[PDB]
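A.B. asks: Next come the chains, spelled out residue by residue.
Protein chains: 2
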Amino acid sequence: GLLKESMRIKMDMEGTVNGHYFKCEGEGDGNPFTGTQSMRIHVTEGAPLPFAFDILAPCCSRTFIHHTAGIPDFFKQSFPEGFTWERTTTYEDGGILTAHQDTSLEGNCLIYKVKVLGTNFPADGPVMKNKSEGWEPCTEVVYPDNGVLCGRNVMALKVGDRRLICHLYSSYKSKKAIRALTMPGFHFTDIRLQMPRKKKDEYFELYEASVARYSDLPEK
Amino acid sequence: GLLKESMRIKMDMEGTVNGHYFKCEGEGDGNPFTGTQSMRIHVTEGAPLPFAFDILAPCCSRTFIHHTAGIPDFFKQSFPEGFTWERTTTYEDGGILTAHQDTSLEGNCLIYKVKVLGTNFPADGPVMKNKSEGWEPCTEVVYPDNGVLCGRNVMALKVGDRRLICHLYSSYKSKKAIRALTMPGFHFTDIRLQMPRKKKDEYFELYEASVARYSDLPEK
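Chains G and R are the protein sequences, given in the same order. Sequential numbering of the first sequence, starting at 20, is according to my numbering. Sequential numbering of the second sequence, starting at 20, is according to my numbering.
The set of hints was computed from the structure by calculation and includes no laboratory data. Hints should not be assumed to be uniformly reliable.
Since the list can't tell identical chains apart, any single copy or any two copies may satisfy a pair.
To be verified - Below 20 Å or equal to it, Euclidean Cα-Cα: the simulated SDA-like pairs (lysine to any residue) are: (1) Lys-23 / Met-147; (2) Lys-29 / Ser-123; (3) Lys-239 / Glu-155; (4) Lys-23 / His-85; (5) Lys-177 / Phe-205; (6) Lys-219 / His-39; (7) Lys-95 / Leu-124; (8) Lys-42 / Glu-224; (9) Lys-194 / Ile-115; (10) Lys-29 / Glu-224; (11) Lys-195 / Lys-217.
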């Protein structure tokens, strides 16, 4: 209807992590129906980032999820009005990353406005020491709550042979009237977020694939 | 070859939940290689239980996981010596359910000893009001940490059309020498835990299926 097979993405992100201010601009593209996408991010203020960009990578696109088994698509249904998401991620070594995001659509271009505040990351930890090597793939739990889509996730940041676990609490809210929207049931969203390239803690490239599905286990 | 395609299970559980003391005995069976199993639980002291047995259901069998793609099997490798697990489950409405478990093997019978403490469950909540309808399927995150197997999970207790989220923190410890066991890498375990039958808050029947696997998403 309103979404095409090739979509452009423009993202503006502003934030402060452990007191360090930054701004990022991203241009990306993807296929929303096969659920694949990529983004080029330039840190336009606050470069070089004194912390691992990994913690900001999940703040950089829910319209690009391949929905299987007839699962209703909260995000694609939300257009032309668009949607927002709120998230807090708690890291098991103390760090906290809170974010709010606005998703709108203008022509062939998705427009993301992201605000980020991160606090209490340990000074000696892999995030502030910039010693992480990206994320493992993950499986978000997704479920309705009175017209709001809730998400819960466990993600694992790679630090050598070790994994730093964090816990994601997400709320996805449509700007469309609740009556014009078909809510999904309880389901899962597999997500594989990768960072193929980065340069000087100032330029980053992301690729992400996402699939909404039910458990593959038979119900007895 | 210590495990057979048909195994017996004997379980003894003792615990206190919101100040209510109880003991349970379980007899079960299953196929460890297809990863399927069932159990009959009788509350022998403290019946009828004044809380939902659902919160005790995940305390009742990791030898029965179907391992795909050559993922090493921490639990099956642990025999004949066996293993232990410990877990804390935090419910988003305040409840806490902690457990320690010992798993041994004698002949054709796996022997489980479980100790449980549950606290701070709200008097008005679905657990203490006994108004839950079992668990959704879930996907545990499993990864090594210096010979210990760690698990993290998000589970959802069904309360009508509502879901009460809880967060699981698990540690699995082999009694085998670290040198005689090959640790798996980061992977996932799909688990579907069901309660086909219950009676008088005193008799319960469980069925569980589990599969260890990697992400279904292609790695770009």
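A.B. asks: If a hint holds in the structure, say so; if it doesn't, say that too.
C.D. replies: Evaluation of the provided hints:
1. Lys-23 / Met-147: Neither: 39 Å inside a chain and 50 Å across chains, both beyond 20 Å.
2. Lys-29 / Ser-123: within (10 Å within a copy, 57 Å between copies)
3. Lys-239 / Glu-155: So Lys-239 and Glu-155 pass the 20 Å test across copies only (13 Å; inside, 31 Å).
4. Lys-23 / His-85: Close inside one copy (14 Å), not across copies (41 Å); limit 20 Å.
5. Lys-177 / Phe-205: between (29 Å within a copy, 10 Å between copies)
6. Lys-219 / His-39: within (17 Å within a copy, 59 Å between copies)
7. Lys-95 / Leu-124: within (11 Å within a copy, 52 Å between copies)
8. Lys-42 / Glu-224: within (16 Å within a copy, 56 Å between copies)
9. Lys-194 / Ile-115: Close neither inside one copy (27 Å) nor across copies (36 Å); limit 20 Å.
10. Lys-29 / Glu-224: For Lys-29 and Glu-224, the Cα distance is within 20 Å only inside one copy (14 Å; across copies 53 Å).
11. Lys-195 / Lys-217: The answer is neither: 37 Å in one copy and 42 Å across copies each exceed 20 Å.
Hints 1, 9, 11 from the list above are not met by this structure, while the remaining hints are.
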